[PDB]
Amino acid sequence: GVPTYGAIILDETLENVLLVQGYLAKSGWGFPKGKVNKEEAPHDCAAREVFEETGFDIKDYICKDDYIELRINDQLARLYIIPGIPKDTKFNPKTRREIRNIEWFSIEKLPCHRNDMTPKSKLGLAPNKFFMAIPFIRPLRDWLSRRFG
């Protein structure tokens, strides 16, 4: 897989993260991110995708050593951590063909795993609209503990 880059944007209180809602195959909520172009540096791809998806420019706030990186089915995903962005910021994409909605969500209320169907004696997972965000939630809570406490 071609690696992906983007951002976990947090507010001033560190309670809330900014998620985006796509369409079709991307129909639930996730962190803003996308596929790197040939020759493009990681930090630049991250700023481009977030600006295309949210209308907010992160270039002057990115710290090159502050990110969470996951491998998901042999595709690397890296999200730069961007704290302290005010909750009254107005977010407006270019691409409204791709993004249904943008919202702040409480970190303590987001799931860190999907629920089984063990009450139905059935295998697999129940659907969850946060499916794409889920893998980052526990590593984010751990990173915020270490960095801030």
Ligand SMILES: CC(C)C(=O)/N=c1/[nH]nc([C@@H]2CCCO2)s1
Given for the second form:
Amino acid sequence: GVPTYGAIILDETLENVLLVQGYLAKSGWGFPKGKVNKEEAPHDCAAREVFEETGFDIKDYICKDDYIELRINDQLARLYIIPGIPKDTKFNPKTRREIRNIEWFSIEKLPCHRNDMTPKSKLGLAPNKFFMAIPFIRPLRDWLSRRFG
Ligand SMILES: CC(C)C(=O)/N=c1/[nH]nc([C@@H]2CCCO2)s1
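Starting from the form solved without the named molecule shown above, please give the structure in the form solved in complex with the named molecule.
Starting with the chain above, the whole complex follows.
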């Protein structure tokens, strides 16, 4: 699978994260990210995708060693951690044919797993609008505990 790159943007209090909502198969909330172009460096891909999806330029704030990376279904997604961005920043996608909405979310209120259906004696997981973000939540909380406190 082609690698994807993006960002986890936090505010100045470290208790809110910026998520974006797409359409159709990307109809829920997730971190801004996308697929790398041929010959494009990881940091340049992350900045390009975040600016296309949010209108905010991270290039002068990326730190090379500060990211969370996951391999899901043999595809690799790497999100650079960007703290300290003011909550009154004006965010605007480049293409609203791809992005429905942009919002801050409390990290402590976000889910870190989906719920089962054991009350119905049925296998699988119940739907949740944060499905694309959920895999990053626990590793982000653990990263923030080790780096800050
Ligand atoms: C109404 C809208 C915000 C919403 O929830 N969209 C979803 N689309 N995909 C979902 C399911 C559950 C997780 C796996 O796929 S949830």
